[PDB]
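Below you will find one chain, with nothing else, as structure tokens; this is the form deposited in one PDB entry, and questions on how it binds or moves follow later.
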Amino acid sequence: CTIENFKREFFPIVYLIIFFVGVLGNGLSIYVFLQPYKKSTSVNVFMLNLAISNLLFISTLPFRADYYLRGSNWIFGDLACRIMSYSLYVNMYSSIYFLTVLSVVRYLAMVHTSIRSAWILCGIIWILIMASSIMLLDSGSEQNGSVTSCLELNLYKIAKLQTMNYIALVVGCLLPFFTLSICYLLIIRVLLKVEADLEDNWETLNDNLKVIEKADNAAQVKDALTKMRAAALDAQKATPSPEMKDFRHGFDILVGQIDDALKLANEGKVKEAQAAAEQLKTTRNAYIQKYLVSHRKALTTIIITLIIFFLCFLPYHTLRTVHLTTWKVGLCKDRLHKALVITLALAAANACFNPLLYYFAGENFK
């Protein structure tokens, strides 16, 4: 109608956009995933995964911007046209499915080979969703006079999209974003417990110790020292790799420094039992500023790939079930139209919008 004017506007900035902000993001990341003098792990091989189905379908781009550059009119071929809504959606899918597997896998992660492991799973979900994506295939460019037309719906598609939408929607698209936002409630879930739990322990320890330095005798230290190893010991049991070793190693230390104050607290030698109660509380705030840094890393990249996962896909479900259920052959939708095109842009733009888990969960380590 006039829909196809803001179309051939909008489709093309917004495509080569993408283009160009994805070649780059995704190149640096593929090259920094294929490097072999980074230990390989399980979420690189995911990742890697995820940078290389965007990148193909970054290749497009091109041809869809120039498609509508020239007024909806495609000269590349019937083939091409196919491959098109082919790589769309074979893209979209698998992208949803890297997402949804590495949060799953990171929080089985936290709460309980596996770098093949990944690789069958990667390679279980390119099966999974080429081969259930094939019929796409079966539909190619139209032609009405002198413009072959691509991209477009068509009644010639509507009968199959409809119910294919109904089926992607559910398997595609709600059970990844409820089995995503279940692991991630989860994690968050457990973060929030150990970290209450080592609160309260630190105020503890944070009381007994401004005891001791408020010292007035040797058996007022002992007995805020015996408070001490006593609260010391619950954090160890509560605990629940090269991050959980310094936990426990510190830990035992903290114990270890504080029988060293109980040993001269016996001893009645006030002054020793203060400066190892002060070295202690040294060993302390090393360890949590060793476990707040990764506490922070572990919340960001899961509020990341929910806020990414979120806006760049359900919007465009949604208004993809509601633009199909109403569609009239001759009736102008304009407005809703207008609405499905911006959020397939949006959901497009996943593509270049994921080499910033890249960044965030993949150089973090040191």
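Positions refer to the first chain, counted from 1. Here, rigid core means the biggest group of C-alpha atoms that superpose within 1.5 Å across both forms. First, how it differs from the form deposited in another entry.
Just one of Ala131, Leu79, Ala196, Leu155 moves its Cα by 2 Å or more between the two forms on a rigid core overlay, and this residue is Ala196. In this overlay on the rigid core, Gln279 has a C-alpha that sits 2 Å or more away from its partner position between the two forms. Once both forms are overlaid on the rigid core, the distance between the two CA positions of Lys297 between the two forms is 2 angstroms or more. If you fit the rigid core between the two forms, you'll see the Cα of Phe177 move by less than 2 angstroms.
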Contents of the next structure:
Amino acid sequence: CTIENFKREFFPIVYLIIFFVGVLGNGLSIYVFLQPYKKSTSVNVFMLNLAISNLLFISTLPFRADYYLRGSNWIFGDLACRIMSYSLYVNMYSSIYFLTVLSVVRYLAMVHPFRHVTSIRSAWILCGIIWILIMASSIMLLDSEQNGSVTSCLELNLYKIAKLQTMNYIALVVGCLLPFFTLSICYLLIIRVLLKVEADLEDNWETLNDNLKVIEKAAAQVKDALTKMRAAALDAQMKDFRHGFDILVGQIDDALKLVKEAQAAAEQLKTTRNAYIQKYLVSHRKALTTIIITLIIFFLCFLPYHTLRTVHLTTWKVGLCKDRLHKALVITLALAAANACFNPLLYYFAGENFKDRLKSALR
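Can you swap the form deposited in one PDB entry for the form deposited in another entry?
If you are looking for partners or other molecules, they are not here, because only the chain is given.
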């Protein structure tokens, strides 16, 4: 079949591109992660696990490239071929779950921007669960260099066809479609919460500026406005935040009841309210960026690959090439592999003190 001629040129190129790009990206990302910083978070745990998985997988790519560069002749021994298969699939599904967990965590965080020792350890416990389950689910590959007159690895063949037809069925459903479903619900929930919270924040800021413009324009009415604002704040009852705001109000109302000092003190509420707003806004930015990048990764790297893989398995026959479908599969397999060098975009644009650690390293 002519696809083999296509493969022997196509795979070395993309595998080595992914190798070098991924070594640079992941090596630098892991170096940054491990830099000391005053605070740490569970999302750093999940990102670190993802980057380690990707770099381990990337370390296998020069061997696959060698395979194809030798005319599809494997020289590295039977165990190494087994490990090629195992590393490919363990990386793929560990990555999918680490991404899904990361999106879920960002949602749960944006719900509660203000309010633990335990969640750092919990992130490791969860990661360990994911590793155990995926590694145990994949050990089939370790139990199954086959060919004669040449040594062939990485190839679909009759011996394994039925096996993979069954295995696909589970990995398609639990390893791909269920996580993408979880992501789609997460997207819906992120958008809903973000829109509602920012509408509320705009209302809050607008009423504050109205009251402050009233105080700026017109001492008899200053006390009235301050008492109305104090009553509104008490009915709003972040105990320390409310107490700080109320203490601002009480200081202004004292400086009034004692016109220059009180009107000036009125402005101090504005900067504290802007910081209160910014905390929420940062949490929402992070969640939305994460979910968008992750959905794009899924559309590019994983769903086309699983679709074409499934159809390739279902229609496979011993003496037929199907070069066009097979070529499409080869390309989407490349994309799935390339996820391992794509993921540091997420570390850079949605990291947790990532740029802070990076600036520290630069110092």
